[PDB]
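Student: Each chain, letter by letter, is given below.
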Amino acid sequence: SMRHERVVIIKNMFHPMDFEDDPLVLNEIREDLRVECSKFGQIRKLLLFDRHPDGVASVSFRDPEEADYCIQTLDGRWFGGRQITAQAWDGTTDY
Amino acid sequence: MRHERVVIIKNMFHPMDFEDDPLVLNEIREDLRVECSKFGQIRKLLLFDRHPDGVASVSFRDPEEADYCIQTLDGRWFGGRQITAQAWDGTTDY
Amino acid sequence: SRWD
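Chains as they are written, first to last, in PDB author numbering: chain A, 259 to 353; chain C, 260 to 353; chain D, 336 to 339.
Bound-form chain A, shown alone:
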């Protein structure tokens, strides 16, 4: 929503039950995401909201073009049954 927003919100990337019966899956998913997103730009912060029912992650980049690139590439990508969405953070919603 901000003119030069650097924070990307990714949704539908997991369900919290994915982590119930194997505690290694969370770290695998987190680094899978870090590996993919570091092709797009310098990551300043990466967060998985591992109990959010909507499967939310946020990736903060150094430059707005990096967030724009990430969004373009990831949004609508299929992943374990769901289309993930990727959008600029509105600058207010918590997860």
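Everything labelled a hint here was simulated from the structure, so no lab data went into it.
Check before you lean on any hint, since a few could be wrong.
As the list claims (entries may be wrong) - The calculated label-pair distances, taken between Cβ atoms and stated as ranges, are: (1) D280(A) to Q345(C): 25 to 33 Å; (2) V283(A) to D280(C): 22 to 30 Å; (3) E289(A) to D339(D): 24 to 32 Å; (4) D352(A) to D339(D): 30 to 38 Å; (5) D339(D) to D308(A): 40 to 48 Å; (6) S296(C) to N285(A): 41 to 49 Å.
Heads up, the beta-carbon is just placed ideally off N, CA and C, and yes, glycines get one too.
Fit chains C and D to the supplied structure of chain A, relying on the hints for placement.
Tutor: Okay, now just chains C and D, sitting in the frame of chain A:
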């Protein structure tokens, strides 16, 4: 001498895919009909929506169409899942 | 469509 016409596809879905949205099962069934119709005439199409392995069966009019469907679909990607496709054993009920 |  069995000329098997039935293809068994696995890992095409998970039953939890359907629990939130009651339209997804028919959506993916029809998506499978469209793709499989590229290989030949379909006689019968079944999705076993409670099976944890994500199993569907596709029965073709001719064994050559089943063979071609198996060659093309095994290892392909459907909704972000890699599927397997193989000849039915003729005895297992999913 | 979810294909490929």
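Student: Honestly, which of those hints from before does the structure not fit?
Tutor: 5
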